[PDB]
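Starting off, we have a lone chain in the form deposited without the named molecule, written out as structure tokens.
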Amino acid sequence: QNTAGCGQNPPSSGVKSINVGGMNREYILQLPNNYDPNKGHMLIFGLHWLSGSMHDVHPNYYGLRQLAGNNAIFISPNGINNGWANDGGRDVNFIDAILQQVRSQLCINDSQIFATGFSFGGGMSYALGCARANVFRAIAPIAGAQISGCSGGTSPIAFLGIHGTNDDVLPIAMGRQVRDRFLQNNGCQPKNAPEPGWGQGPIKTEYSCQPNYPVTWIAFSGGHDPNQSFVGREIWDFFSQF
């Protein structure tokens, strides 16, 4: 169902400021080229990595911007200390604040809200899938790990995990642990997910789960780097299936 901001005169795209429990925080809002205020848009959060900032995820949003057409509104939130430590849920609360604001301003389809990010941003996407399975339709950690916490974490939510076999910063076992939680939550039949050899193309495993909560795992042969040609395409195809 569509939000109250449908039919409202839109704000400008750009850097936004927001008060989260007394803390001034910032995010980039990026509206589509053609913004129809009467069409319910996808809302896609892209979450940066440690030492990076919201200015690194904008303007390409992990390859999604080039493929999303006018279907999506993009958010690039800025982490405190250039990370997503999420102490006591403060970063989940930050996302709650953005959601409350943009849902009242923009035309969003509440069944099409998504989160993706690399490394620390993958941990934060995981933390949102754990605590906000009511809000998010799917998450897609890229080289993710349990580094932003996981409060709750028993509800099903559609999940796409992408990880490199040669990642020496967050080893792929850490990403499998994230994946394995939603294999359980989403009622997926156990199944071998092979992973590519050196110099071999990525291997996508699509698990058999409850058809509303699919799980997909894509292992590639590289390292701690989200800039693989397949990333934007695969995340877009996963998010746009709903």
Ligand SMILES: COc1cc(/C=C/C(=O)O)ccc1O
Contents of the next structure:
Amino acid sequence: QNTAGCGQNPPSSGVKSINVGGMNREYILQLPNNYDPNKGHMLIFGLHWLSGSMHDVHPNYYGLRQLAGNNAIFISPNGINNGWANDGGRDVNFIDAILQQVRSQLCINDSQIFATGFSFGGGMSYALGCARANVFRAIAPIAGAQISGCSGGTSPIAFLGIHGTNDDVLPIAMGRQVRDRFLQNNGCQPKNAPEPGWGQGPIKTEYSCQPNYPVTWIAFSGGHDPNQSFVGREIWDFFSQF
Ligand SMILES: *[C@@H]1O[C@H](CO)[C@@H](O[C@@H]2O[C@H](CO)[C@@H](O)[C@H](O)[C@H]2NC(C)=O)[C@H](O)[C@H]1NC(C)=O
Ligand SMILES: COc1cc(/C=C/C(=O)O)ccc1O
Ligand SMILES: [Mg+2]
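Let's compare: the form deposited without the named molecule is above, so bring in the form solved in complex with the named molecule.
Whole complex next, starting from this chain.
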């Protein structure tokens, strides 16, 4: 179902500021090349990593921008202290405030709201899946871990996890913990997920879960690096199935 912003004159793309409980915070809004204000769009949050900023995720959005056509609106929010510590839920509240604002300004399909990010931004995507499973259709942490909290975390939500076997910063076992939570929440049948050897190609494992709540795990043989050529393709294909 489409939001109240449908049919309204659109704002401009660029850096926006927003008051969150007295705290001034900032995000980048990127409209598609051809924005039809009468068509419901996907909404994709891309979340930066530690010591990064919103300006590192924009303009490429982990490879999604080049694949998305006119179907998606992109948002790159800025973390406090170049991170997503999410103290007391303040970063979940930030996302709540962005959503309230953009849904009233833009034509968004409420069943196509997504979040993805790398490392600390993958932790933050996980926190949104824990606390806002009613809002987000799917999350895709890249080298994620439980480092931004997880309040709630019992509801199902479609999940794609990507992680490198030789990641020395957030070891892959931390990403498997995130995955295993949604294998339980989504009612997935137990299944072995093989992971590649050194110098071997990525291995994607698709689980059998409740119909609306798929779980996919992709392990690649590299390290702490989101710039693999399959990343944008796999995330887009996962998001566009809904
Ligand atoms: C908003 O998004 C939903 C889900 O993507 C759309 O519902 C889909 O409609 C297409 C039409 O063939 C089919 O793939 C399915 O029937 C629906 N997919 C689901 C429910 O996952 C919906 O049409 C979009 N637009 C509006 C106005 O709701
Ligand atoms: C190991 O624990 C942590 C790791 C990170 C790394 C974030 C990043 O690389 O983006 C952040 C916070 C942590 O508590
Ligand atoms: Mg298109």
